[PDB]
Amino acid sequence: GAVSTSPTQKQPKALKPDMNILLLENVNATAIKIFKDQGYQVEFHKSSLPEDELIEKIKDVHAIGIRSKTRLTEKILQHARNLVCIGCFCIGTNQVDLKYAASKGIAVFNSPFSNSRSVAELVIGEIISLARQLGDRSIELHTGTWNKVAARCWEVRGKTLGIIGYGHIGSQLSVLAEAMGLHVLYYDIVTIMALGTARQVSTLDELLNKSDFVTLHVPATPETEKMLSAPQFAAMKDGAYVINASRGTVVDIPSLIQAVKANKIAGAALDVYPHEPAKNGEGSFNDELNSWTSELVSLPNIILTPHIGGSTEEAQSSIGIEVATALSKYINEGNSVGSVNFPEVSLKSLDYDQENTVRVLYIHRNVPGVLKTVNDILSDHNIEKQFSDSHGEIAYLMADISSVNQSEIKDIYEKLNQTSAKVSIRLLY
Amino acid sequence: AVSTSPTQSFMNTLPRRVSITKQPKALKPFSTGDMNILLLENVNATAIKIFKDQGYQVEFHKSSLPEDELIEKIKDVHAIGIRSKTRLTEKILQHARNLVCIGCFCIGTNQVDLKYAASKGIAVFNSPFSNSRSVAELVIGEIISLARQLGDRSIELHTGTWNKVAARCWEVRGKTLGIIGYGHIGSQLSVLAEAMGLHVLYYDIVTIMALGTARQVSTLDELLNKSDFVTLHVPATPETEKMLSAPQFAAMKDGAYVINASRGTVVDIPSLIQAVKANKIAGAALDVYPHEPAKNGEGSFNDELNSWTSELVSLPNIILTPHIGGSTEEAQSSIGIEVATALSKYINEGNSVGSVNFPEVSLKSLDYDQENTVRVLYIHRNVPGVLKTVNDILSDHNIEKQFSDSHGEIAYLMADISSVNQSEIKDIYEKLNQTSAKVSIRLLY
Amino acid sequence: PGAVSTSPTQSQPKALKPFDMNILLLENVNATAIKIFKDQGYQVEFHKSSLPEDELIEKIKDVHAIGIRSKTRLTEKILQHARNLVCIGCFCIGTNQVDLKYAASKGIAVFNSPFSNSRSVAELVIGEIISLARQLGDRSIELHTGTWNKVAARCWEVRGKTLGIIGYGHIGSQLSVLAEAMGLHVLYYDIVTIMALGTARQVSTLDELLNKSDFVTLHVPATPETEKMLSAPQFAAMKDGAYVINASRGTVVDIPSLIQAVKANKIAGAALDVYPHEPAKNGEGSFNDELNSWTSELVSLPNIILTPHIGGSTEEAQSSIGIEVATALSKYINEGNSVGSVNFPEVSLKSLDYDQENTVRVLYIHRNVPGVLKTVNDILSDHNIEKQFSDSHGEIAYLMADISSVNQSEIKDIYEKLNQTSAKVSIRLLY
Amino acid sequence: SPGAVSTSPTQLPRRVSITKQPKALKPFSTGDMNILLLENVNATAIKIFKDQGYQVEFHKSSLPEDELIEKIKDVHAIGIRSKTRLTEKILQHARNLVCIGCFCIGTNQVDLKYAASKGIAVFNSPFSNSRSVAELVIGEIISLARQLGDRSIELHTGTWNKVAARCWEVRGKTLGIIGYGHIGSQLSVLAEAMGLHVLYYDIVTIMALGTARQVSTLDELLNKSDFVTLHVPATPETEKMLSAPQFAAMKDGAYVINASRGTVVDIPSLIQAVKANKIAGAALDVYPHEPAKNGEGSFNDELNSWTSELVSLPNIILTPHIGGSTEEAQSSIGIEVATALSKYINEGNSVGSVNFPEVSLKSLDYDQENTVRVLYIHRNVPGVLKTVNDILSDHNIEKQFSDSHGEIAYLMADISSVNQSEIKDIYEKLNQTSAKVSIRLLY
Ligand SMILES: NC(=O)c1ccc[n+]([C@@H]2O[C@H](COP(=O)([O-])OP(=O)(O)OC[C@H]3O[C@@H](n4cnc5c(N)ncnc54)[C@H](O)[C@@H]3O)[C@@H](O)[C@H]2O)c1
Ligand SMILES: NC(=O)c1ccc[n+]([C@@H]2O[C@H](COP(=O)([O-])OP(=O)(O)OC[C@H]3O[C@@H](n4cnc5c(N)ncnc54)[C@H](O)[C@@H]3O)[C@@H](O)[C@H]2O)c1
Ligand SMILES: NC(=O)c1ccc[n+]([C@@H]2O[C@H](COP(=O)([O-])OP(=O)(O)OC[C@H]3O[C@@H](n4cnc5c(N)ncnc54)[C@H](O)[C@@H]3O)[C@@H](O)[C@H]2O)c1
Ligand SMILES: NC(=O)c1ccc[n+]([C@@H]2O[C@H](COP(=O)([O-])OP(=O)(O)OC[C@H]3O[C@@H](n4cnc5c(N)ncnc54)[C@H](O)[C@@H]3O)[C@@H](O)[C@H]2O)c1
Ligand SMILES: O=C(O)C(=O)COP(=O)(O)O
Ligand SMILES: O=C(O)C(=O)COP(=O)(O)O
Ligand SMILES: O=C(O)C(=O)COP(=O)(O)O
Ligand SMILES: O=C(O)C(=O)COP(=O)(O)O
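Line by line, the protein sequences give chains A, B, C and D. The working numbering numbers the first residue of the first sequence as 1 and each following residue consecutively. The working numbering numbers the first residue of the second sequence as 1001 and each following residue consecutively. The working numbering numbers the first residue of the third sequence as 2001 and each following residue consecutively. The working numbering numbers the first residue of the fourth sequence as 3001 and each following residue consecutively.
Possibly wrong hints are sitting among the right ones.
[Stated by the list, open to error] Here are the simulated DSBU-like pairs of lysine-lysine, each with C-alpha atoms no more than 30 Å apart in a straight line:
1) B:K1364 x D:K3275
2) C:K2061 x A:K415
3) D:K3424 x C:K2150
4) A:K410 x C:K2263
5) B:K1277 x A:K279
6) D:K3275 x B:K1115
7) C:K2417 x A:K372
8) C:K2266 x A:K13
9) A:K264 x B:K1115
10) C:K2263 x A:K348
11) B:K1388 x D:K3118
12) C:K2048 x D:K3275
13) D:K3118 x B:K1115
14) C:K2263 x D:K3293
15) D:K3386 x B:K1028
16) A:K372 x C:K2048
17) A:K104 x C:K2350
18) C:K2263 x A:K372
19) A:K46 x B:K1164
20) C:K2417 x A:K422
These aren't lab readings, by the way, just hints derived from the structure by calculation.
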């Protein structure tokens, strides 16, 4: 061949609009501290509220923080007079009418990826635990039985981990798994840049053939529904292990149960199930919830967990920071980036030295001529910069205008409030 | 001024190579025929393969033998492989006519009368460090398990209870692991623990070069103050006996974790039990106890064995394991290789290096082209004039090289002598066998 | 004693066309740039050298985008004849060769490649450290003149030696990693407190660095503070037989002080890539006493490596400069993306899907005065504005707007109306 | 069942050594020890010897055969380098000489066979220069890659030639290491650190360091490498192993680096390849013929026919065999060898000796009072141990080791319960033995 070119590899201005924050479902303390440090008055609750007690409280509330339990429907959101934004201190947002919340000009924020590390660590733990049958050993000794067994108990070093879904969690797991001396194969429907010395594989069937531990880290889709069933378990190695901390639908439990009973699968660890209790309870996990529970809990070397993949102080702490920060930046700067129901819109902060500069936050219906109106109303002042984006029926305009005194604020606000397309207005000075 | 850098203390690397060595001479025993290996207590298959490939006739057993059936078998046996259960006392070893060496396919050797075995010229070998990785992995698993209360969660769901709890459940990342004893296991654990994102403090009675970004601490009390997880990897000594007790638990953080896969004596269980009940210790994992069953059994772990068992098993987030730290196919496999190899090299080359009861003695192999060269293996009483006698008896032949070392009352001489034909072997053997100091002789030709 | 606590928080798009494109490339811009432009259909004129102000003005009349380097000077004089010029590409760090203020006022966005050369300068310094440490230059020169001088005296392994990095920027920090990899201790002085990479240690005073370092290398910009910052007093503060490496700026080292220090056996060697005065062209006898009074004295000294500003002179560097800038121009021309521009408001919008038929992108550079958006948004009122962004850079400002439901008919109209506006500086419509 | 989960394939940090402080053994007779050091042995060696009480004579240069013979009469240990030739002629006058230290790689300057027959153990430092050669090559790779030498030479003659054409970042380039030994392997790590891919051809299969890949044929390495560097010994197989056919197998604009041996590269082939624009540059530290002393006009057509043609070429780095020419290298050579001699003199430890049986014994504790160490070099003939072990029969031999090296052999023995009285006796008896070549007693 021939030697050829190697491959290419100022303190900010504090904006003013008391602010009322209501937090439900035991939001982490980190969230509470962030809000209080900004002056906001914070109401905290360890549990949800009934539809009655809530409506009375959401009348005056400027920002509500919820989790998965509190359902915010059109019914309960219509009484929200001053509500600026909703914080989902969790992954899910189904508990909120996004479409409606949008139409009233309420921005919703969540924490999708705060639990990645917590699920990865759990899987390392579960790999070692299954490999050595810790659960069984500890249960035996607790009932007074001494069963010292080395047969088909393994060092994880030199074993192969099959990661189905190389996302946020799958990729973090990859690094840890290599660190613990595992070979890492991964099947994904998308071609993804491997971390460390991991190897992407063309077919799930190849992964199942060559892996000792198979773990799922995929979302819920028709493709993932019962994607691990009799045929897949038949394609896996004799005495291999199945780990599902992904979704309750992705594994066919009765197939797994047969495979385990047939001495084909040496053990498994499930964090998620097709049907799960709505609350913590004593007789919650039974044949009424899942027909096969009593059969499943009969099997040896099966680790069962009540959806604790992201159940850590770290996870809840960073969820508290991520979301509390998101709401704070939306309230203080109108920053709607990362919003799940809103146009994503932001502008560089203003310097302290930019005296007499107001920020216009104008959520409006996405129809022609609205900017014509607004920029006419602001024509008397120089627009340093502005940004407008649309999300279906709704749209959001941020504009920084210079040379406004206390006098002209009241005027500009009133004029914008009287506009045809207006859904909500805030002025930050 | 710009000066010579300090010379690298001992920071040189070893690129392992297929080393073109002059093919070595395969030595065979004299004055004997076929070799008899007896293996008890279900020694790994790797050991069996190694022995058969040497020509040895192998007798295998999944269990021990009674003192009766054993004495009958050890009469003819050239090498015995045992584990912890089979006790080889003066009583049963005195009947051992042909016994060359004992293999302890395990850490412990207490099950063997070493002093006596020595006096009869029997070399004992074991596998002290074959289980390091297996114990290290277990501890990573147990750290995560306790951190998240997996055991409890899985037990709840099995009894039908759904208890999703994040309160005082932790990511191990950013937490501190306190390693008491930075030996073979402690140091392997250090690397894994950093990989899992843990800070690693370690207290040891000896100053030790840290691996990765681990930090040695002056006092145990410092480690206990600053650690989230405390794990012991120390031998059994009067200094380690109940070294973690009420005062130590009192020095540890609120909601800290105690892991003992070291020795059954090193933790004061009733202090731990108090500490756990006092909400001081959030969880613990024990693999070892002051008293343990001798056999697997369903009623074995009870108040008769340890007064506090029924109280201990009453506590939440306590992982209990029946001494499985090294209970893996890998561990047993490499134990089989390490020890089987050790016995093979002792039987075939007289190599006694790594022996626990013997002088450690070896010589470089002989080349294939060194025809008519015999290796004299002469275990003898460690008294003056013995070498005078032996080297007199060999005087007719050139001694290429010899090595003699002493271990108290007993001593071992290896000697390579050149220009010996079948005729002179029988003579040299007989003369050496009739010597005053002789305890045992073998000639390899 | 304490409590177990929560750990600390962790440390197809639519191809838009203007409603032939002419690229002029001067000063031997890398081929990567040429290929990027041609693949987009643009007609490319290439030249290995600059043009004279006469031949240039004739060519820049029709040119849509010009790519230059440091030599070609684009003044008000030559830019005023630029009829169709959309953007300027500086395929190099410097932009002083361009009247930015003027280029801005005509609505011309200027782009450059500031950090494309980091790796190339870092590698050079590793090379020069080892070379000075062992006196390679001297040894090879001796043997070439027939002299055999096998010398180990005050020749060093770099392992266990200390590198003093003055200025811990893009280059300083890349150098830090390599230097540790080669077994060097890394001290660094900076005027700002900066997070160390690997196991490097920041030092409070330059004086401390100079006291404790074996090799001193500068990676600082040109400022009044850096001007001759290494002089007699600094060399006096350095270790006996220490080494000075300057691939930063020509002004930052006092050459005559260095020369005295070297002659006084205080500095064992040095490597300079940059000088107060440098030739404008490659030539024989270009580097002489006419250019720098001390050259003939400097080139008289042993263990001094001199290089003609080659810090970033590698196929890699030129290649990635070609990609970075050609890409920048392409995205500005094709999408109006002005992010990373040195003279312009930084403005961009997410690309439009292939499925977004009948959507036009309005690129409206205008004077930064009140009422302009009022006018523009009035003129566009007949169509829904999906999204728009306007930012200002002093006297000038830039508005990007995506409008939906426009047929060939209405484009011509909207263009004309916007072109007739009071504040207009330049308009393009992407359809 | 595609397969089954099976046993994974079967595969301590440094600690303050808690051993019973060892007994410092002193020679019987040898009242004061005489060390002679020639050819400017590093100061580290001098310090080691003086700190042990030895009287040290130092010289920056060699001695003439006359001045030397007069000095080697009384000398207990001599330290030399490559220049001082120790022949049968000059060694026969050596009355008290215990050991020779070669503070360098080569030992050809010493009659080993003869030195052996007189019972003189010779030691050297074979691998003390590994790091220094590895660093040089990294430097030379970057220098060739960027043409530093040329650039600096141009500017010195007043020429400003700013060139990026066929000048490279080393990152993403391939280094071909011919010979993955001590130097080759250290170079591998550094080269990866500098972002280079590392192929290596060796005649022996060797465990790769980092992410380096061993290659089956030299021809493969030459095809795929951007920089080729040799780190091989001098053998008939290596003689002119890189010639026209090899350069023809290399990439257009590739680079050749030889800091191995002067015989391994065919210079006139390289010169043609360079002139044919096939090789973009090269760096040679070694040549078929080299001056014996530093001098002006030493490197000329009289020494190598092609010099004047070679020095005419662009981007060729030439060095006068400086691969190991660093203060570090000389320092660690001084330590390695001085230590070796000290341990041989103090403990009879002959491990690492080039002409001797390699023999050693664990040190004796301070608590082992009245234990003498017998060092008995003797002719390798039957009945010698019979004699020695007879002579020592009155005492318990704790341990002894005897090994043979052709005609000569070496016995170390630790004997217990000897008082000053019995030492003089045992020494005399052993000195009068038929096979004796030399005896020392350490108490
Ligand atoms: N157990 C818990 O408490 C817990 C906590 C957090 C997240 N999770 C869930 O675990 C899953 C993984 O989360 P994440 O953030 O890593 O997800 P992600 O969206 O970041 O990554 C998922 C990956 O799976 C791949 N994928 C999708 N469908 C696939 C298919 N049919 N076959 C193969 N690969 C497919 C995608 O390409 C993607 O790379 C999600 O369902 C997530 O909500 C569980
Ligand atoms: N649970 C199991 O099945 C299992 C398996 C193998 C080993 N072990 C046991 O675990 C322990 C560790 O094994 P290893 O092979 O790593 O041991 P080791 O000898 O390698 O390590 C012991 C370390 O502890 C240090 N030490 C000694 N006394 C100490 C004290 N009082 N306080 C603090 N440090 C002290 C030593 O200096 C050394 O660093 C041993 O007791 C071993 O028998 C248990
Ligand atoms: N020789 C070449 O061919 C070549 C090529 C590219 C860049 N460079 C030049 O090298 C220099 C470093 O490049 P970079 O991209 O890393 O720069 P950079 O802007 O990333 O970093 C400069 C650093 O120097 C610090 N600094 C400024 N003034 C200082 C002072 N008086 N004392 C100490 N520290 C001070 C700054 O705080 C900053 O951390 C620049 O001048 C650059 O133009 C040279
Ligand atoms: N320039 C200097 O001042 C200097 C300094 C030290 C060493 N050296 C020389 O450089 C070489 C490197 O020394 P080292 O200590 O690394 O040597 P080494 O013995 O550690 O390694 C040499 C390697 O070459 C391999 N080899 C042997 N013959 C071969 C062949 N024909 N083809 C391919 N591989 C072959 C061997 O298998 C071995 O891996 C030696 O010749 C040494 O004398 C030069
Ligand atoms: O964080 C998640 O995964 C959820 O959406 C569950 O909601 P929660 O925080 O448990 O109320
Ligand atoms: O398990 C080990 O390795 C031991 O040290 C003792 O156990 P065993 O005798 O093999 O049951
Ligand atoms: O700024 C740079 O990158 C330079 O080296 C000077 O300009 P150039 O690219 O060489 O024309
Ligand atoms: O390469 C070598 O080390 C040599 O043999 C040269 O000997 P020296 O140390 O230069 O006297």
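Checked hints:
no. : hint              : in the structure
1   : B:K1364 x D:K3275 : violated (53 Å)
2   : C:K2061 x A:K415  : violated (48 Å)
3   : D:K3424 x C:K2150 : violated (51 Å)
4   : A:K410 x C:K2263  : violated (75 Å)
5   : B:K1277 x A:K279  : holds (28 Å)
6   : D:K3275 x B:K1115 : violated (78 Å)
7   : C:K2417 x A:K372  : holds (15 Å)
8   : C:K2266 x A:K13   : violated (53 Å)
9   : A:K264 x B:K1115  : violated (50 Å)
10  : C:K2263 x A:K348  : violated (54 Å)
11  : B:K1388 x D:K3118 : holds (27 Å)
12  : C:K2048 x D:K3275 : holds (26 Å)
13  : D:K3118 x B:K1115 : violated (45 Å)
14  : C:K2263 x D:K3293 : holds (28 Å)
15  : D:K3386 x B:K1028 : holds (27 Å)
16  : A:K372 x C:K2048  : violated (50 Å)
17  : A:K104 x C:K2350  : holds (26 Å)
18  : C:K2263 x A:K372  : violated (74 Å)
19  : A:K46 x B:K1164   : holds (15 Å)
20  : C:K2417 x A:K422  : holds (28 Å)
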